[PDB]
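One chain comes next, on its own, written as structure tokens: the form solved without adenosine.
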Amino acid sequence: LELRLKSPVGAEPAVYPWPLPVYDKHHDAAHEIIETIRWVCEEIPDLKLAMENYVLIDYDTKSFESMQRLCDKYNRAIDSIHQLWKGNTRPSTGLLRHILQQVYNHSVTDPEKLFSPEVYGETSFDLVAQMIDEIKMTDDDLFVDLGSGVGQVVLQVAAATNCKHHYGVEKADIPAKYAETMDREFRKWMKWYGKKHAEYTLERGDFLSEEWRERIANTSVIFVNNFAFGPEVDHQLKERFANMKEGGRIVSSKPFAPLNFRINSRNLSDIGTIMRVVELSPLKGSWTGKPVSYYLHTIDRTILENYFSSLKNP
């Protein structure tokens, strides 16, 4: 006893066992099935016409026969459209949130072990989407998320941008191990829907290691949730940022330098002498979520050059 969903692009079908799994108090595989069908009907208007009107209205999630009739009415509609077609784009924001939730639900089987990953789609997703729209990224950029956890920020950026590569680095054992499954599941679900993503790597490691010193120096876009970082972690990170190229950017949860930094003879060693800092917020740019702010730092050594020029030409 199981339920099968045919891929809109001919990939291997989605197979769910019966009884259907329960993910948490606010997610179960039954609603995942219904929402997957609905998203595929939105991205394929012909499928909407083939699909009978009543099917996605009159349903019982606690009835095998009911859930099978629903799955079959979608599969028969996929088959009809696939026949009509006889005679890979980026996902929409809406579809991506659903894909990430799907990937998470299938990857983190014991959620007890872990703004937590559970609520990523309900809080963090929209802020990250807002960050992707603000920090414009090209095919020349290299993206790194320092302390990537289960890897959802990396998967979101990689599905939205055209960076050469996207990296996620996590030191902790439990999230780094879950990231391995998230990676496999993300690639599997993206192929299922027939969606394109940029290249990405989720790896285990310490971003303060010698290996990561040259790697940070060659990154053009760093995303770092530094809210909980200690003084030594913060001080070492600033040391790594100081080797970055002009125009290199760091997007963080707490600024690394004062927003009002004014260079003088007593603060010449501060990171503020080689970077610009701006507070950005979805409330500044029609937002209705949390009143949050993120901080954009841009490597600019002219701050330091101008100070010296002013001393020589007063």
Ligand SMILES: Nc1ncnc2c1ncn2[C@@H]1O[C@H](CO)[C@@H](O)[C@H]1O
Contents of the next structure:
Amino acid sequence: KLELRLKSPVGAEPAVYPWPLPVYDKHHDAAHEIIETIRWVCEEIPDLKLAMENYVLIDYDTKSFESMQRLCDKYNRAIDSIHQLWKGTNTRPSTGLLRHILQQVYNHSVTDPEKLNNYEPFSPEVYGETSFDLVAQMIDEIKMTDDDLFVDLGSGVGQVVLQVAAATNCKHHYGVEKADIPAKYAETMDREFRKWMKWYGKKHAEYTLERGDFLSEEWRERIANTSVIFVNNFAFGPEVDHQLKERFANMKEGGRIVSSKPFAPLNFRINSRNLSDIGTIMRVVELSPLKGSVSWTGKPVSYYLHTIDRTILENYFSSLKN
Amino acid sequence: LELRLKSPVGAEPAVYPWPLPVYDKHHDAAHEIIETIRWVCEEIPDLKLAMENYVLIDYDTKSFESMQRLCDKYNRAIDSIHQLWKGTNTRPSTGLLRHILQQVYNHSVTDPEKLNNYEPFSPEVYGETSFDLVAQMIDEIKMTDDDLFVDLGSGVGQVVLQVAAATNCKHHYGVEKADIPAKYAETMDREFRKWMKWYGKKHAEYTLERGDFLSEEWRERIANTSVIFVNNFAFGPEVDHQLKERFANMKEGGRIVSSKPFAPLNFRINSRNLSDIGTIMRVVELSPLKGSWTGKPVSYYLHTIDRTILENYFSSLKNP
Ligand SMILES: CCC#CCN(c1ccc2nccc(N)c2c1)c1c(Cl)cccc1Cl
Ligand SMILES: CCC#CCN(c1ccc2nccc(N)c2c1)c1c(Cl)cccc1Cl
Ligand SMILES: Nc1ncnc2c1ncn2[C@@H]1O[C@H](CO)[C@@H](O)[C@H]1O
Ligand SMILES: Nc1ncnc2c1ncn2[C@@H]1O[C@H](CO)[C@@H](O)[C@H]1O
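Complement to the form solved without adenosine: the form solved in complex with adenosine:
Zooming out: every chain and molecule, the one shown earlier first.
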């Protein structure tokens, strides 16, 4: 009774919200999530926008049970008419819808954000601010096919994995996280994501979010067999950084690493004193949405693309032999 | 016990005290310093060449010496470029303006709790969607030096500052009645003018004033305004009614951009609704989703004063 229901556009189980509606933060709540969900479904199903009496999307009071109920009811009646129309007569989400889905999955999953103990700009709590856009730019730049295996080393609550799995056709996407609190929230993010993606009728690639230490023996062979590694190594100490380079040194030719800090200098010059360095077996480039034909107006951020290339070491040895 | 950033145009340096201020749970002045440096380097290519690249990768925001080293490397690069230019003002890019407006807010609104604003239109979240929707609005209405822009209920003045940085309107006004945002708007104004000079960026003339937009003085001022911006989403029926009476004195082609329409989108003039504001204005819903938008599914409303709607009704009665 004391609740609001939104029918799924594809006939999945309805989204059920209790009344009073949950509040996510000081300026964000479930009332706005309901309005935006309705708007997104109408935007991408044009018959639905035609069927719905749209005056309610102007005339609404988020603090009134009756007003919010009438808004949900108009949308649900329009869903029923469209289901009748389709009776008589499964794609990847757009970037805009995926941004909404990921936020919605986070709001239903991470109920106590204080527990994360994350005060850095890479916190799950601010993922929608810059990270989502930079991951979308990364997806467009780093071409992935069904022959690729994607791994996020230290995946937090799994946001990058969910975004990449919704956008690409990699064979599989993995997220590995060590810390207890984020790996526990990742279990809910996983269930909430699959549920919401089915509610919208959207496709995603296969993915797994797992609890683990990416420096373990099991993960050594797994990194060696990964074609695309994503790693937020910005705050990693020298030991972890060193151990990671040792793991990357076992990757196949053409294997790629995308990171927030470079693992080798951008201007690496192979000599007799730096033959041990990872720079001898990889090309490194700085990718910035500020560079190119990209219409970027966000933060002046960059990421780094590393590609395993053993010809740098091979050519130096030929120079030494001849 | 401080950090200094030299201006790329030789204005007074930006001075930050140490320990560096914290703005929120994930945002501080150390990130502001780094991003300021990155923006100046991005838009001055010789600067990016002169500066040692490692400096913006290996930094510790919690170390005075590390942050001082970072500022020093940028200041030395500014000095080399100033020497290069010795040896022989534009508008900010959208990206730089977004950074400038956040920076102006960070230095001005020290106690955001005081605003008592829990709505999505709060100054505290302006950079999230409002900034992008205002940028879309500026591209859509295409104001010239003959225009006068007025934001009715301007809060801390963010819309006025954005519009004045982007357009060549003769003047931009913000009028705010509430004490706390009107007081913060005075600081936003000073900080904006200072930061714009620091970057060497141009803006149009603007005034942020404390006042009641329903007063007699404002009645004549609204009548002489060519572009009104108003966030009327939470306005009661009395304010809404009084505003329509103000808009009814505007000139033909006068425009009102708002968060809620002042007249129905499907208004049809008849003998029973001749009193309605819909008889003298066109109304259209503008949505960035219609027409590369991936943000929130938001809309705003454009009203254009057009008394020919009323006139055609009378001429249609006399010419059946
Ligand atoms: C951890 C969640 C995330 C993300 C997106 N991202 C970046 C890179 C630099 C940034 N700088 C500042 C602020 C951000 N939010 C940044 C995000 C990223 C990419 Cl695209 C490739 C490889 C690693 C990373 Cl971490
Ligand atoms: C007050 C600060 C602002 C702004 C930009 N804006 C809107 C309009 C609808 C919105 N919907 C949801 C969320 C937002 N942030 C929205 C912002 C706006 C415009 Cl472009 C024209 C006329 C009035 C308005 Cl209020
Ligand atoms: N050895 C590790 N194995 C898996 N995740 C890790 C490990 N070390 C750090 N992390 C995680 O990496 C993330 C930062 O990239 C954080 O969420 C942090 O908990
Ligand atoms: N009569 C008025 N005069 C000036 N500002 C007002 C008036 N009424 C409301 N406001 C302001 O309009 C804004 C609502 O967008 C608030 O900042 C609020 O204080």
